[PDB]
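Given the coordinates of chain A, assemble chain B with the ligand onto it according to the supplied hints.
2 protein chains.
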Amino acid sequence: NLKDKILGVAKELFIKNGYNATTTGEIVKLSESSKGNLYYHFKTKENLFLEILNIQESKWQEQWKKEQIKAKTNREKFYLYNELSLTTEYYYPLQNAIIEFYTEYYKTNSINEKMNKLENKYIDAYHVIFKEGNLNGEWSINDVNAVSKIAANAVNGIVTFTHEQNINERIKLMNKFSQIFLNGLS
Amino acid sequence: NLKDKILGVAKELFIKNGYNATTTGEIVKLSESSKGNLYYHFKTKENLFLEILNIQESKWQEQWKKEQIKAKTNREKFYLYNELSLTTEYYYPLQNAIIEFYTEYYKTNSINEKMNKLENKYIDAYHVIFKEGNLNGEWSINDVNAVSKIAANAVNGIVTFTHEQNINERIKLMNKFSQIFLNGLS
Ligand SMILES: Cc1cc(N)c2ccccc2[n+]1CCCCCCCCCC[n+]1c(C)cc(N)c2ccccc21
Numbered sequence: 002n003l004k005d006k007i008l009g010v011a012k013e014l015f016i017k018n019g020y021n022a023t024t025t026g027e028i029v030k031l032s033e034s035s036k037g038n039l040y041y042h043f044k045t046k047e048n049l050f051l052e053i054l055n056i057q058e059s060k061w062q063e064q065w066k067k068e069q070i071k072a073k074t075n076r077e078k079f080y081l082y083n084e085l086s087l088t089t090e091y092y093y094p095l096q097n098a099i100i101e102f103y104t105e106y107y108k109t110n111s112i113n114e115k116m117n118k119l120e121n122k123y124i125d126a127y128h129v130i131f132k133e134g135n136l137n138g139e140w141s142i143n144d145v146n147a148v149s150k151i152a153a154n155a156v157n158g159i160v161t162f163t164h165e166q167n168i169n170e171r172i173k174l175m176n177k178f179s180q181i182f183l184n185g186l187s
Numbered sequence: 002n003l004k005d006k007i008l009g010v011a012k013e014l015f016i017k018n019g020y021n022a023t024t025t026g027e028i029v030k031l032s033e034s035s036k037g038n039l040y041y042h043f044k045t046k047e048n049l050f051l052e053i054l055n056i057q058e059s060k061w062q063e064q065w066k067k068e069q070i071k072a073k074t075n076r077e078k079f080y081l082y083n084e085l086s087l088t089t090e091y092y093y094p095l096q097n098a099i100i101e102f103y104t105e106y107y108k109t110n111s112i113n114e115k116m117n118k119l120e121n122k123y124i125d126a127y128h129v130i131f132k133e134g135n136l137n138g139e140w141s142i143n144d145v146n147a148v149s150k151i152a153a154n155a156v157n158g159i160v161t162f163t164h165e166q167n168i169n170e171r172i173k174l175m176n177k178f179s180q181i182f183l184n185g186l187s
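Residue numbers (the entry's author numbering), protein chains in the order written: chain A, 2 to 187; chain B, 2 to 187.
The shape of chain A in the complex, shown without the other chains:
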């Protein structure tokens, strides 16, 4: 509970004032915990944030599980997951805190350790889509891990570096990418 509260309040603070401006001091006092209890559950701001991040990935996955019901075939899952990545991320309040966090502990394989099991999870969604695509004969992929990392990162890029363009155009471009790319597997 005190741990659940630290997480809840911290998430709001990072959302309101970003990663850098938020202090464990603010988190401790507003969550009504202490520096000791905080230190025992998370050790560091970095770690607390990674934990919030894991919780968010779980939420995403549950969202994805209910959402893909709208996409029968794996080909459709791929179109929908990318469109979903773009539209949701546009109004995801933690995106700014995340950007800050990455640039922060990038030259530290420490606060970039669990950062792996995390990104790996993002990519798994693609892995499932492509593995099943293979079994369902929708396509034939040499090695899924490679194609999954590529799809995962090409999509982050279209989502991230487009920010400067009408949302309707963005979706149209992403769908075009989904189309061209799936066409490079046949």
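By construction, these hints were calculated from the structure, which means they are not laboratory data. Mixed in with the good hints, there may be bad ones.
[Claimed, not checked] Cross-link-like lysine-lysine pairs, in silico, DSS-like; alpha carbons within 30 Å at most:
(1) B:60 to B:17
(2) A:73 to B:177
(3) B:173 to A:108
(4) B:6 to B:44
(5) B:132 to A:108
(6) A:17 to B:66
(7) A:118 to B:17
(8) B:4 to B:122
(9) B:60 to B:44
(10) B:46 to A:173
(11) A:71 to A:4
Chain B with the ligand in isolation, oriented as in the chain A frame:
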């Protein structure tokens, strides 16, 4: 050097840390100057940054022009451009500071007359490659603009969101991307 000597410090600081962790003061301090020398061609912080981006972009485009000769067919110009994007020391090492820069300075109306100029040079390489390929018959592209923007960002995605792993796994992934993308076009 007055003007052309600050940008060098600011670049280092912008790349080393973020667009936020680098402040007007830290520059001048490690640059030894007046916190006002910025106005002739350096209006606001965003302008100093927006300028550094141009220098670096052009530096990258310069190199590209000199190395794209190892590529015979345009189909090859596409792979080489993407492979080189992973290895350059120009502009791409700044994509990070650029991301966090859009999570702030993107409301004013300079980020549409100054910032739009730079994005053109960013998708131009792909425009030339995709047009000359059309003219040459290597493929038939519906709208070179869509495919160009889609490609530039995808690639930037693979370069920027994997900047923490074996550079060879990198090259591998990028080449597999180029293969699939082009196989999706033609
Ligand atoms: C709840 C929830 C709700 C949503 N509506 C949602 C929408 C879209 C995506 C996730 C969502 N989730 C939860 C999402 C948890 C996401 C964990 C993501 C880890 C990945 C980012 C990796 N990364 C790398 C490698 C390298 C970089 N240079 C870099 C630079 C800037 C930013 C990121 C960078």
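Tested hints:
Between residue 60 of chain B and residue 17 of chain B, the direct Cα distance comes to roughly 19 Å. Compliance with the 30 Å bound is thereby established for this hinted pair. Our distance criterion of 30 Å between C-alpha atoms is met by residue 73 of chain A and residue 177 of chain B, whose separation comes to about 27 Å. Under the criterion of a C-alpha separation no larger than 30 Å, the hint pairing residue 173 of chain B with residue 108 of chain A is consistent with the structure, at around 24 Å. The suggested pairing of residue 6 of chain B with residue 44 of chain B holds, with an alpha-carbon distance near 16 Å, which does not exceed 30 Å.
Taken as a hint, the residue 132 of chain B and residue 108 of chain A pair is broken in the structure, with Cα atoms around 40 Å apart against an allowance of 30 Å. Of the supplied pair hints, the one linking residue 17 of chain A and residue 66 of chain B is violated, its CA atoms being roughly 45 Å apart against a limit of 30 Å. Taking the CA atoms of residue 118 of chain A and residue 17 of chain B, the gap is about 25 Å. The hint holds against a cut of 30 Å. A threshold of 30 Å between alpha carbons decides the hint, and for residue 4 of chain B with residue 122 of chain B the separation of about 24 Å falls inside it, so the pair holds.
Restraint check: the Cα-Cα separation between residue 60 of chain B and residue 44 of chain B comes to about 22 Å, which is no more than 30 Å; the hinted pair holds. For the hint linking residue 46 of chain B to residue 173 of chain A, the alpha-carbon distance of about 34 Å lies beyond 30 Å, and the restraint is violated. At most 30 Å may separate the alpha-carbon atoms for a hinted pair to count; residue 71 of chain A and residue 4 of chain A exceed this at roughly 36 Å.
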